[PDB]
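Below is a structure I'd like to ask you about.
For this depiction, one protein chain was excluded, whereas all remaining protein chains were kept in their positions.
A, B and C are the chain letters, set down in written order, and residue numbers restart from 1 in every chain.
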Amino acid sequence: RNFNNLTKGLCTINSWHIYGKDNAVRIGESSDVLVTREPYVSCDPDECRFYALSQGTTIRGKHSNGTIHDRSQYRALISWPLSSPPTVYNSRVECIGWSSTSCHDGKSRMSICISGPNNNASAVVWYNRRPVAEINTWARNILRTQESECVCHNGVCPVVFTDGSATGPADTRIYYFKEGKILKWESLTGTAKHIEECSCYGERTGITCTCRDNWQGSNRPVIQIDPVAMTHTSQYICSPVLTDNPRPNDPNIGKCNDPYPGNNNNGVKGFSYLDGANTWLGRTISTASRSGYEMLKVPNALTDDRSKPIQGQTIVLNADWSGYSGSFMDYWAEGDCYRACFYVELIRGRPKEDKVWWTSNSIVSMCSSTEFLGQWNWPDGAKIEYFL
Amino acid sequence: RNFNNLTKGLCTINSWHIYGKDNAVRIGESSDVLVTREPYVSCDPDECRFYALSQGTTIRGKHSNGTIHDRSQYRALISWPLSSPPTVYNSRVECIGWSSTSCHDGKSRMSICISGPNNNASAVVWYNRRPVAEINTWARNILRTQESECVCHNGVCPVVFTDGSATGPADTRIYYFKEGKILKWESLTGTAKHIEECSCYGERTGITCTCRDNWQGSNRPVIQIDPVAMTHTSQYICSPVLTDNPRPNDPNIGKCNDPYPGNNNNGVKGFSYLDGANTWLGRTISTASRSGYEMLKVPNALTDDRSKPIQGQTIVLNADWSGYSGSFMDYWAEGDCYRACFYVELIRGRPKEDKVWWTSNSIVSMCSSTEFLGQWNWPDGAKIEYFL
Amino acid sequence: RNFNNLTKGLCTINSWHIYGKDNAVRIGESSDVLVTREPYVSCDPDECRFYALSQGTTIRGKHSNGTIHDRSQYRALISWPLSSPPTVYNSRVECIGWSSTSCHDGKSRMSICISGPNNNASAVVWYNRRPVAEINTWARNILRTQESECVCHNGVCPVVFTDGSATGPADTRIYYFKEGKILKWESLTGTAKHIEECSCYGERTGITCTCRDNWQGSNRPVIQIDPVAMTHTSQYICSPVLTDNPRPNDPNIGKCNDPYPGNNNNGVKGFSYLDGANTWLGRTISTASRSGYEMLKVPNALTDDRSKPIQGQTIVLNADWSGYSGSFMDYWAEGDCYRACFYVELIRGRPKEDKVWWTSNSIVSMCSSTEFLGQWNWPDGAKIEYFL
Partner (left out) sequence: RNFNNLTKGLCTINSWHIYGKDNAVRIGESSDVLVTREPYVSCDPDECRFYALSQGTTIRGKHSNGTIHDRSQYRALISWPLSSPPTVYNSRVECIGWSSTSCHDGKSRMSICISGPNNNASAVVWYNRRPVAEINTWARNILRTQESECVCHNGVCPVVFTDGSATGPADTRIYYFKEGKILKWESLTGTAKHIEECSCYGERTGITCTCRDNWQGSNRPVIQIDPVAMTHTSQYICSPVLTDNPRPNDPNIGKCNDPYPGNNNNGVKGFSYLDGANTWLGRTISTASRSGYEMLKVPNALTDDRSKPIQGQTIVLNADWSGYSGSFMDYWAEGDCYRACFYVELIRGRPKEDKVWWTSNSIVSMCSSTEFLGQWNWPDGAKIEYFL
């Protein structure tokens, strides 16, 4: 077939509709559901699937004890059918490791998994389900990547990596792959001061990634990538509507070219859609912890350091646990525009619910509507007491 | 490929033969079978499948407690292979929500799921497994739809929706979709006074839907749709053979243009095949509760307010629990006529069997024969005591 | 594609090699394996599969209690991948009922399932996974069929049915189907006096079925069918090597045209390959019960009432339980001849092992070799005590 080209703009976002939900923890109470975390969603030209890092055990399995741990030899990127839960019997292993990204270029899928000890990790780049290229750690401190889908244009698929400290300056690189081969890489440039866990989407203007500053900032850094020239810039979302977690309260002036201060050495993966007057930002409702989730329409959030919300939608009540969130779109859908989508990881278990000894999650996902739809809220839905 | 056209009449119905049965509750006693309700059956050009609303838990799972509840964030329309049970590992999620319909147009399948709180629900229309259009509540009172398959002609697939009171006048609309797009909608016209849970089938004359009057009537309202002109009429089945549940005893004069009185604010989804002398009506055997099921040959039931049965077939004994029933046909079968089919939902658990804390069902399904076949009866088959 | 034609002779049978074995009862001790009985094997042009009548419950499920019972509304013909066990999650339902046959004609598969009460049973004939024709009971006494595969030539697939007494004269019919349609049926002719559970195979000479005389005979009746003329003859295997069970000891003169006496009102489904000097007969080792299984090379067994064995092979030791056995071949294999195959049902549980309350089986299957291969024996392999 042919490589996909980013030839459309975003659809107008007037509200968000339910797209997928797997109820994995509810079902896993009484089924062979794998413990996971760091989920995402990614489409092929003929199917969309859920993705996540398995922990190599089921929830009811005794090996679920200790799964708060992020990195082990028992983790792997798995995918499974949209809105099904990740079961032992329906999950397809994409590659082995504890940090990942994946995207389809229109012809085949590229998946990248990083594994190894903290001081000697390596990425293996798979294309069309075969290993093609490998990248060794350059800073010997937890080589790591997006934890959500990458995006491709005319065969070129950029991916953001970081290696180095999580609590100070680190070495971030943007890699440009084609058919799994390394075309080029560049060191991070621009005014973003620290980069983790980029959430990306593409449209005719280029590729936009909204990341996590784990060091000093509670505004989110943004990397904008031209996949044709294979170049990028970076800054922060200018808006005073702050979207990392934990975070300070919203001021009236944001920061475009430096971290907004108040919270250090922590954060959460998140996302945004930055599209002028059609801009929407995602964030946890709580400023203290990974609870709740909302979308806020914030015109020109990227560039306007005074911008505030003019519309919103609650996705998960503050009373309910959330977690990581990221962007994806069905680039192969019919129509004249790309419909913005996102997922929210709904983390259950440790550290917040420590009566159980495991940590897992379920997934909820939404896409945009041009209608102004009524809102519901979407909890994980499992009762912790049932697992005791 | 090509859109299916309704170019045939119904086959002559001389009896009913077994088509499918999943024994879901029997199997779910000792397997990872999802709790469901509101099942149906629908064919693609190359396969026929069972459908239902999952409750996002298995039967033996602790989350099965409380599944008498109709609407939650944990429900989804699932489909699975004909006569298999709906398991965690074989069920395909079509969309997320607590009211649904689905149909194949010959090229691709349209599925519609409604979700949300009672005062802010919305329908998402999926086509070829992608979300295409969305419809917001118009009466802010449980936007809801068929709970069985829709039917298509030359790409046009009509669907009946209701929004508003379940116990008085409500706002019913007929929507006409093509490739998931809204071509047109109309407010209900005709003499049907209240519409719920329409069961539809198509043939050369047009599309016929037999619905549930939940307000005052125990005769069933009928909507007849011309999918070419995109217009409809409505009335009730004229026959004094009453087919809702609960219901009064059969009189000798029915009602064509108004509810037959005696039972208010309740009902059950049901169906009929209205075809002159080849007319057959389905109903529960009991007039009081959802138990038993029978088919009755009632010539000209639609138009003759004196019509009585001249032949029948017991499907489920009165001693056994039934539930919802609806119509479907294999529009892609060989031959010169469409073979009428139906399913019966066999509800187990609450409220009728309250020693368990769950509510689920299994499915039995029949299609017509031109032979005069011997009859059996088809119970769910599970022993409640085994679940205690 | 094209209808298969029977254009080859049987390969020379010099021994038997292992073909498939599912170990279903061993695995079902700790997995969701369906209770079955009456298994067989049948090939499509691109795959061979195991078949059986499910009981609509797993072995460890509480509903396994009482599965010695032959006929219920919870039974169905299922198929599953060769040598896998019949699980809830991998079994495909072919049709609903408690007596079956199935065969591929080269283009599509025909499957036939009979259901109903003893006095009102009916067959539904499925073709290309759709119901096509139905046949009502003609003797009102357990309409029943082969319990192993049928065979097709140029689209014509003959099937043997019986309706009536199991312990006296009954009404046997041979039906000729094409694309599921009834071309013709004939009443049984010839010297076979009672017919049950025919096991059939085809080759250039025509179709040969070896059946069970449940009335007075312990030699097996044979029906020979010409699928072109759509005619048949019948007699018994002439050989004094008797192959029904239970049965008298082997005499030195068999019976060609009447039952060999000594055992009444019982029997077991079995098979043979009748091919002049290349003739092999299957039988239980025990004359008293369904235990053991052996193949015996008995030249001209069909026609020679003095014929004895000149070679043999033990398949299952007398110490181990067997059961039904039947013939099938891969008509789509490469080469100049059809390789004879068979399966043996290995029954576990009731009535012979009554410490458990269920009855199920596993499958072992062999095909012929032109080599003279060493023999092993093939027990079910499960330990009953594990189920207590």
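Please note the rule applied: a contact is a pair of C-beta atoms (placed from the backbone, for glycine too) under 8 Å apart; a residue touches a chain by one contact, two chains touch by 3 or more.
Hidden chain, full complex: it touches shown chains A, C.
Touching the chain that is not shown, out of C:38, C:163, C:330 or C:345: C:330 (per the contact rule at the top).
The residue touching the chain not shown here, chosen from A:135, A:281, A:346 or A:382, is A:135.
Within the set C:104, C:232, C:339 or C:350, the residue that contacts the chain not displayed is C:339.
From the options A:9, A:116 or A:248, the residue with contact to the unseen chain in the full assembly is A:116. Hidden from this view is one chain, which touches chain A at 32, 34, 56-58, 60-63, 72-74, 76, 88-89, 91-93, 95-97, 113, 115-117, 119-122, 124, 128-132, 134-137, 179. Residue positions on chain C in contact with the hidden chain: 17-21, 23, 26-27, 29-33, 47-48, 81-85, 87, 89-90, 330, 333-334, 339, 367, 369, 371-379, 381-383, 386, in rising order.
Note that only the chains that are shown with their structure count from here on.
Centre-to-centre, using mean CA coordinates, chain A is 57 Å away from chain C.
Taken residue by residue, chain A touches two or more other chains at 89, whereas all remaining positions touch fewer.
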